[PDB]
Amino acid sequence: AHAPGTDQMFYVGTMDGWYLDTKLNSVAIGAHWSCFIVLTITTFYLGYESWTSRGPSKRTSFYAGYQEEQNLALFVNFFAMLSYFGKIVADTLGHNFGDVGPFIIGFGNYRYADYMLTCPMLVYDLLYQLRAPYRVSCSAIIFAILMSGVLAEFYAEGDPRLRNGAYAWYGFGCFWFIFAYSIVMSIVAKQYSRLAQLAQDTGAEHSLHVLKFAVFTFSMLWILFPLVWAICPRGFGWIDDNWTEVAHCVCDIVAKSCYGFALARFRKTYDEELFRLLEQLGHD
Amino acid sequence: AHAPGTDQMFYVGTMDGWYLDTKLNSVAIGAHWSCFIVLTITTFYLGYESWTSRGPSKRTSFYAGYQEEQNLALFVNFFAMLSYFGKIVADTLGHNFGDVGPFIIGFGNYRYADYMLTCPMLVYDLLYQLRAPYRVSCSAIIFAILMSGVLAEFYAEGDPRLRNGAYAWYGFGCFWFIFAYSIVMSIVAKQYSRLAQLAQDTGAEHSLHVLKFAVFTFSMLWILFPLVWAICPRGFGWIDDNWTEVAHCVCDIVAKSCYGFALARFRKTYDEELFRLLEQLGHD
Amino acid sequence: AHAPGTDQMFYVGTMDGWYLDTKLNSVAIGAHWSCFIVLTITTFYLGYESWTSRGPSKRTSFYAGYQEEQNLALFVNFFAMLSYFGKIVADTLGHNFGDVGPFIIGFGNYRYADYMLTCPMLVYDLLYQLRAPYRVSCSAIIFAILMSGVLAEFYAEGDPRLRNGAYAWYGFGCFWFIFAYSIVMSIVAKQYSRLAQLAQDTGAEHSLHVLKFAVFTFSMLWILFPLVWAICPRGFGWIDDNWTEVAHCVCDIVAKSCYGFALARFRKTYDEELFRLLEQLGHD
Ligand SMILES: CCCCCCCC/C=C/CCCCCCCC(=O)OC[C@H](COP(=O)(O)OCCN)OC(=O)CCCCCCC/C=C/CCCCCCCC
Ligand SMILES: CCCCCCCC/C=C/CCCCCCCC(=O)OC[C@H](COP(=O)(O)OCCN)OC(=O)CCCCCCC/C=C/CCCCCCCC
Ligand SMILES: CCCCCCCC/C=C/CCCCCCCC(=O)OC[C@H](COP(=O)(O)OCCN)OC(=O)CCCCCCC/C=C/CCCCCCCC
Ligand SMILES: *C/C=C(C)/C=C/C=C(C)/C=C/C1=C(C)CCCC1(C)C
Ligand SMILES: *C/C=C(C)/C=C/C=C(C)/C=C/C1=C(C)CCCC1(C)C
Ligand SMILES: *C/C=C(C)/C=C/C=C(C)/C=C/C1=C(C)CCCC1(C)C
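Just so you know, the protein sequences line up as chains A, B and C, in that order. Residue 221 in this note's numbering sits at position 221 of the first sequence, with consecutive numbering throughout. The number in this note's numbering is simply the position in the second sequence, starting from 1, with 1000 added. The number in this note's numbering is simply the position in the third sequence, starting from 1, with 2000 added.
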């Protein structure tokens, strides 16, 4: 695209950049391959869990087929796998894939466009395990934060005259992220405190450790993405574009595959009394 | 973009127009600033209402955290605020923002693309307060009407050879809007008649006035947008592009901030018997 | 759009191709007109059914207004009608409409972008009539399959250097479609077997034939779209672009209008005992 006063052309948001050669090296391609393999393995594992999912009473046959929120995490990983498959295809074809081509929500050709579909599901899935309030609200504010990140990505890669819009959108997203982070931390802490005080001398002591570790760790590790934005060339630039892909791949692996495996480990050890305590949680 | 037979270039739907200088004057920028400030204030007020929201019985602590439909209106305003923040950013950067750049649903860089996310929520939120039937259907038809408006906006700003497509899409949207308008008016009138005949000699006479005023006024004031389309340069052209932004800002302010404040005023005066009458409404 | 090493320009995903003259003949325009007329007639018929919809007991007045899943099929046809109206407009204006212009989900300017909104609703609506499990999962995997088809359409129409990406995306979609097809066939067969063994000596023998024919026929006829992709120029090329539009129009007519008419025929002959058997289906 052309801009007034400059002879340089900008390929962000155009199909002209879609036909350009790739700018990545072997490290980024290897990171994409590793992330795709991990996501595929986790997707198959969660699908096998969903197929052979007896309930907490181990009596219902297709428990996940009727209570489909249990499949929610699986959905995330599945879509994540899709968002990486195209990257692999681009890496095999050798054409440019970063912030170029059509804008589709749920596809990873833009930096935070793929996260729009999966992150609200991640937040709702995490808040459900404690029967926490304000679940759809957190999902909506996370969707807004990701949209702000996408607009910042658009502003950063275009005309240098409009570079300051990226900082404004980043500040907007960071303000609302700090708000949502504080709300989520408070709600999760309160719900876990009530669950711990409801399960005294019950026998669910072993099954509480996995749930606590999962919810606290994978709710605290959501601050890595703003830090990656800060240290990548969008911010200070302490790392280059090739190591930003590796950081993003590691972040997705930790945030999705490990979280799904932790939920799968928790689901095979809890039973009826912990389930009824969880039901009692979301009523007072 | 290039068109056959003409040397002129069209910037609608391209990133070339994103880098162009802004075409607005001080009046439109002031209108955008006023709308953004009003939406931000209303969003904070509704968020404070949602945090400190005791139920109709004034016993449940996080009532809005579990019955999250009460937060629905808040969501609208929040997203509306986002749709104006970018406008402010453009006004601060001085680049063109109208019908240019990427097409994202929920962002206001296109005329009716931001309304796609929030208007169905507005319609469902308004129909819920009377426990009215046909709620998702009205939301879907409003989404279709907004999509028709977006296509008309695409056709109007492009090649003059294709100008008549805007009129066709406007006629499609107006036909379905007249249908939906009649259906909504009939349903709301019937539901309010039943509510009025259910609350004889109950004491909810004062609390009924606010609900009646809110639902009737903010369901009747939805016809302003087609009239603005008719009088703007898309239609007869009695006003210019700079005064169309002011009209749109006033329309959003009235349709969203006043409606949210009216719901907040209604929610703090109704109590258990009006709530159980509302519950009885949506059963026969 | 420009590509390195070639002087040829590619109009896929650009507004430059939106202003080009149409490439269709009278056959494709007639097919579009016929499909639009059929979809409009079916939409009006289903809307009249929804308005005058007494329940299975023939006592509830606005049964479809409160149980709105019954309107789901109607929604599909309505949106399908929208996706064809624009085509008609293009055919009346004479400008190019295939894989050009803005990318909007739910609009038919791209080959499988309109199906994204309606196909998951079709799958959920079909699985609900048997109270089958795994309804949202099938809808999500169908959405992913349609996204893969859209990416294949993008790769096929662009630079010949990137032609092999279309085959990769087609293989991805076909793999997941075979998986989903097998799952849906197994679930539907099991649910219908249980329904048949629950209705012995009941009198619902006549009302079972319509439901069986509808579900089996319109779940089996979903394999036509991959075959059309195989035989069109995207694959072997046994037919041209003008006869691909006719095949797609016939496929939409059969998959949507006939299915909606079959559901309308089934709904006016079943009564309370079949409804309670259907309720008992989705519990064990
Ligand atoms: C502006 C964006 C804001 C986004 C806010 C929301 C973010 C995403 C929220 C995800 C919501 C959860 C999706 C899945 C819900 C599934 C609920 C469910 O199946 O529970 C079971 C429940 C009841 O059980 P029965 O079937 O009766 O079984 C009884 C016999 N044992 O089943 C149902 O009734 C299902 C009815 C449909 C529920 C609504 C599903 C809507 C899904 C929308 C898409 C979800 C992802 C959206 C992502 C948004 C990205 C922009
Ligand atoms: C093609 C587009 C058509 C659009 C049609 C729909 C337009 C938007 C409709 C908005 C639907 C309402 C969204 C919010 C629903 C929230 C429901 C809810 O929370 O009610 C509470 C309810 C039950 O209460 P419990 O949590 O058990 O508490 C018991 C202890 N007291 O909670 C739930 O079960 C929530 C389950 C998830 C509900 C589904 C939410 C899906 C939201 C989808 C996005 C909504 C906006 C979509 C905009 C569309 C723009 C294209
Ligand atoms: C990533 C994409 C994955 C897509 C996965 C989902 C695909 C689409 C699934 C469609 C879900 C069904 C949509 C319609 C649900 C309507 C449910 C309903 O109305 O049931 C009635 C039910 C209960 O009855 P009452 O009103 O109490 O009446 C009592 C007095 N008799 O009413 C409700 O509570 C409605 C609450 C809202 C339900 C949630 C609706 C959300 C709709 C989201 C959009 C649906 C299409 C999405 C298409 C996706 C394309 C990307
Ligand atoms: C699987 C992916 C996950 C959990 C992604 C989470 C992403 C975020 C929390 C992103 C946050 C952002 C901001 C707070 C500011 C603006 C830019 C973002 C998108 C990096
Ligand atoms: C907060 C915004 C609201 C309530 C917007 C409402 C908008 C409409 C009712 C728009 C209607 C249109 C038509 C009926 C015809 C075609 C164009 C539109 C988009 C102006
Ligand atoms: C009303 C429209 C319907 C029911 C459409 C159904 C479409 C499909 C089942 C499409 C499937 C595809 C594949 C399996 C592979 C890749 C390309 C598609 C989109 C043709």
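It is possible that part of the hints are untrue.
To be verified - Below, a list of computed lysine-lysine pairs in the DSS-like style, where the Cα atoms sit at most 25 Å apart: (1) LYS1058/B x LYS190/A; (2) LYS2058/C x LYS1190/B; (3) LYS1023/B x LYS1058/B; (4) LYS58/A x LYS2058/C.
Keep in mind the hints are simulated off the structure, nothing from the lab.
### Query
Looking back at the numbered hints, which does the structure fail to meet, lowest number first?
Hints 3, 4 are the ones this structure does not satisfy, whereas the remaining hints hold.
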